[PDB]
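Engineer: Could you put together the complete structure from these sequences and hints?
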Amino acid sequence: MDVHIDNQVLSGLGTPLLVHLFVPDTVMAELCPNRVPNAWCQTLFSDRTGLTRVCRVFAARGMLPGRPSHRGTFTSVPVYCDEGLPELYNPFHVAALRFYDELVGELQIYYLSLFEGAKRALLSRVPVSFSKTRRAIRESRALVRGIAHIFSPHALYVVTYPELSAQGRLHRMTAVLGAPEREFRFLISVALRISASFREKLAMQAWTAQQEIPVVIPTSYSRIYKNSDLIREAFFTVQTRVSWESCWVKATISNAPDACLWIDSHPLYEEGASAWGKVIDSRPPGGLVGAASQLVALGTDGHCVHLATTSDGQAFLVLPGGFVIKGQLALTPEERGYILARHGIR
Amino acid sequence: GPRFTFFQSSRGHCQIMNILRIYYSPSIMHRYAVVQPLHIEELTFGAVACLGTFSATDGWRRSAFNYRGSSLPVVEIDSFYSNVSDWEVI
Amino acid sequence: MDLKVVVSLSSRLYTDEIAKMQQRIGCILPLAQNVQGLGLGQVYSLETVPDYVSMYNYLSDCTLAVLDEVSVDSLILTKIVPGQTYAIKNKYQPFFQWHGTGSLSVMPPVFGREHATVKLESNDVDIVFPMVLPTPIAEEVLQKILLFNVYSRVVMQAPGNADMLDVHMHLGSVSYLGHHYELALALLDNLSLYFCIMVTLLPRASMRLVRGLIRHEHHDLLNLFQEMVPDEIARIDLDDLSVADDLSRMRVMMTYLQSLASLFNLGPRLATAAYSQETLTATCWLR
Amino acid sequence: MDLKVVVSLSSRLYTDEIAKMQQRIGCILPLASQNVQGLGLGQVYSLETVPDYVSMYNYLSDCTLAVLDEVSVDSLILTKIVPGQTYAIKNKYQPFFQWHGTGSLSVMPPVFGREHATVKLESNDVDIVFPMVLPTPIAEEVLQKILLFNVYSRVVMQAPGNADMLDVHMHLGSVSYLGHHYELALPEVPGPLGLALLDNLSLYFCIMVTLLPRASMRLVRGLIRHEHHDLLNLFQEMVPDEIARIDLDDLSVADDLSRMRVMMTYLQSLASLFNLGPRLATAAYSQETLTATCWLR
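Protein chains in written order, with the entry's author numbering: chain C, 1 to 38, 42 to 105, 108 to 127, 264 to 317, 332 to 412, 416 to 504; chain 5, 274 to 363; chain 7, 1 to 32, 38 to 190, 200 to 301; chain 6, 1 to 33, 38 to 301.
Calculated from the structure, these hints are not laboratory results.
Virtual Cβ for every residue (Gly too), placed ideally from N, Cα, C.
Check before you lean on any hint, since a few could be wrong.
Taking CB as the label site, the calculated pair distances span [said to hold, decoys possible]:
| hint | chain 1 | residue 1 | chain 2 | residue 2 | range |
| --- | --- | --- | --- | --- | --- |
| 1 | 7 | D171 | 6 | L252 | 17 to 23 Å |
| 2 | C | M314 | 6 | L252 | 31 to 37 Å |
| 3 | C | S272 | 5 | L311 | 18 to 24 Å |
Structural biologist: Structure follows, in structure tokens:
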């Protein structure tokens, strides 16, 4: 019970109201394995998409709940969204958290899943920290309740207890769709324009491999891959269900930090959620020969289709078999600014 | 009630206070839970000074400074080179 | 080992320089030797305002020396090693105290310019001794002149919020070990400038550092017990300002706290051992 | 009294390195008490560890320094540092610093790069890097710069939209000198002991922010509303909101005295924290032959 009194006194600048949370250790195992993170608040809207200011959230792991029903970490969700009077709530409304120790993993959370659980729960001098004074006397079991989490079908534990007028005005709040809809269809729009760029690049060229990366290939490659077997290039667009782990937007945010590359890897036909957004280096003295070795090891991955994005406005597709199809990247800077504001600061 | 204590150290003078704070931290974690200073004093918690140096080639040999009432062991410092410095608070 | 340094006078003197040096035969004096670059006469010169912090840095820069004897042409004095001991008498314009006092300061004379300054008309060196005065006396005096300059400049700024009588009853009087002494009066203007810009940048610096170091340790008992301490209104505004000017303010904050940190150390810290009251001399050694 | 402490090697020093150890004569090296390892700074600053410049600061401050004057094969002579003797030190370090200031001298870890202070020793399994010698104002400025860099590079890494990583590495960046700017060596992680130093510093900071003399606030408000001083350039004619909101009270004098009392004591404690690392008082650094008589303060 430390991070709640940490962030409660901290975020008084950009947030009127602060909600406190638990996060179980099973619910973020598919987010980041091996306990690699240890945050940043940016709650986007449902139909009032735009852009909003960011707020920092502090947290801790490895410290156990008073409930022995599950044993996990500490988080907390700021709420600052409602204009003027905070009595209205935005329904069907995402609130993004960027839990991190060094920006890996995201945390999408709802206002219904938060507040329905919240209602379900309920010669001079030094001045004292005022808000910590009421948490020590509570120490009770009814303050924490189990909430069916909507993004991942699991339990997310909230903590709240009858503090004061900020949390007292919270439990009376109600009000009279499209917050998970917009980001996915926006990903499919940029994926369709990139696949259209690949279509027109294969059309204006002879529909032929230039083979930018060198591999040796067997003579039965037109047999063990069938004729025109682009069924993986076909269902590429459904397979990109993630984007901000995907390397495609990673090059656009990398414009603020010249010879850099990011690589997505998707398997040959559904071997699993392989990886998204790995790094090809040119800065350290491993050098361009090490970049070439990693690149040809990328190209010899005979069961994974790779997509290459550059920083300068160019896209590339790597067929397994060393074949490369060139492509453009040129997107409207409104979506660019929307992406870099969705992650961080312009 | 206050207390005077003594510290042997083989390290230098200026770096010794920061390790003394690390040692001394459980004594300061008990303060401020039960008291809060008004009339503002009391934020200082002890002060250290240098008494001098001695030779580490011959270590301190414990002897017996005895009163007639009971026994009382004592740390003997031989070849001490006395140098009183100034008070340094923590 | 002979640590005696003769200063060759250029011009012959007469009896007033004899009477003033034998009036001042106990007190100490800086060094570089030459007759011109001898005392604080290069920093108490009237061609500029005699500043404080440069005077302090020049005094800590060169070594210190005690005067022993004055002739018509020679000025016999002895400098200071941190190896061996020496003698020291007061012979000062204030006759304050040597109350067995285990620590001693050497401050530049802030009571009066000419109070220490033996002015000689035959040679325009206008030699001037630093004030020797014990350490809590020195800290109380520097406090009570720094706040005196802040209060004088704020009553010159606006005569509504400050007065002079209730601070003359309060900070014009120094008191220590049953002795009650009195002191009243642009070098302290520069000192209070440094002090005010330090305490002005101190909230931003402190709140930035505690937001940096606040949750490195994930559960420390000391960390919580020191972060419940500060003011609840001293912790609002960081991210409104940029990175560059903030870090420049951090840089000037750090160099100014370092300079004032050595300055609130009491300079060349002399140490006394046994003060004989019937003789007015003390046994001293540099520390 | 003795100063001559001979240190034997264990194997034949090769003749390629006797030339550069002839070149590094009169430099400073940190001691261990003999043996061969640790007589130098390689054991706590290696290539493996990110150079924190604080644990090696702990080792150089905690151990008595030593002058290296004579190197032979299989034997080299050292001389300790004991207070009361005025050692002759030659400024023989490739980032040059003239001692025109003739001030107090300071020793620091090799923050000006590994190559400038290292020497390879293929005789035994020991490598030697050297402590840096540099004047007091540059040393304390580089000290506060490396602490401010290891506290702010981490929070710039904490930024998700870290659009400017190179902002502090070029604004903080090099070192302040009138002769030239000399770029230093920068760690990325501060290490444990560096965060311990920032921990104690932030402890002093949050203790001292509880007491501010309220008259000084009025002075800086009045001077902002006077002409903007050249020292006031960092404000660029702006009153911060925080000093505007901590002046809701009036000007007193009773709390001012005890405020200033605890401020003197805590600034002397902060000075005792920042007078860390062994210090040299200089008498008459001779310019024409680059040697300085200095004794331990």
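Engineer: Quick one: are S272 (chain C) and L311 (chain 5) within 18 to 24 Å, going by C-beta?
Structural biologist: 22 Å, holds
Engineer: Could one say that the CB atoms of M314 (chain C) and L252 (chain 6) fall in the range 31 to 37 Å?
Structural biologist: 33 Å, holds
Engineer: Should the hint that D171 (chain 7) and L252 (chain 6) are 17 to 23 Å apart at their CB atoms be regarded as holding?
Structural biologist: Because 22 Å falls inside the window, the suggested range holds.
When the structure is compared with the earlier hints, no violation turns up for any of them.
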